[PDB]
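Given next are the chains, with one letter for each unit.
There are 2 protein chains.
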Amino acid sequence: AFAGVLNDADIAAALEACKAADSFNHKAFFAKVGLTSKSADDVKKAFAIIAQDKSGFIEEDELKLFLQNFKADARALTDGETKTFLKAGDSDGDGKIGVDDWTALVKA
Amino acid sequence: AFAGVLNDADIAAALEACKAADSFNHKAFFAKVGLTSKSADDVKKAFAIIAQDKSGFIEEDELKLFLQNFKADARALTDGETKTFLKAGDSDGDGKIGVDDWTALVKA
Ligand SMILES: [Mg+2]
Ligand SMILES: [Mg+2]
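Heads up: the protein sequence lines correspond to chains B and A, in order. Numbering-wise (the entry's author numbering), the first sequence opens with residue 200 and increments by one. Numbering-wise (the entry's author numbering), the second sequence opens with residue 1 and increments by one.
Calculated directly from the structure, the hints in this document are not laboratory data. Each residue gets a CB set at the ideal place from its N, CA and C atoms; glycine is no exception. Some clues are possibly wrong.
Claimed, not checked - A short, non-exhaustive set of chain A residues, derived as facing chain B with CB atoms under 8 Å: (1) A20; (2) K27; (3) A31; (4) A40.
The whole structure should be built from the sequences, with the hints applied where relevant.
Encoded structure:
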């Protein structure tokens, strides 16, 4: 779903790098996919694409499927990767990731 | 210290991928650097080079500096990366990483 929003080579490359289960790192992915260098405004648009809503939240079970926003049939994150990802991103501690959580995490 | 054991292209790309603090992932690094696909025997050699010896162990403070085995002036791992690394790796529970710990973790 990031067709036109991020570089296709970047998306491919970010996915390639975490293809093996338990090899994902969100800080690595954000940089490689090209999100970290975007402005907070474009980071917000990226959130919207993923949560399907600027006011939405990414829940744990949806966070598990993070990669599949960039390539439909990418692997699922393992439960370990999801837990690590959620815990780093969920600053406001509601057990999920909203737009504020997200924007801070990408720019971190 | 791996000049001639691993490809220089591989070593540079593995380090490139985790150049940002807190972006390191050992499964990612081990595959990119080319350790995961080598024979256990070749994996044990890599351990003696790092640990200086087949009977040695990689302890916490040494693991912190894991990247500098591949490139002398590579960055130090943060305490978070290091704690994650040691926990994943230390199967025999002694709080450090020996050759059996290493071999199993590399081949995981
Ligand atoms: Mg939250
Ligand atoms: Mg041990």
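**Request:** Go through the numbered hints given earlier and state which of them the structure violates, listing their numbers in rising order.
**Result:** Hint 4 is the one this structure does not satisfy, whereas the remaining hints hold.
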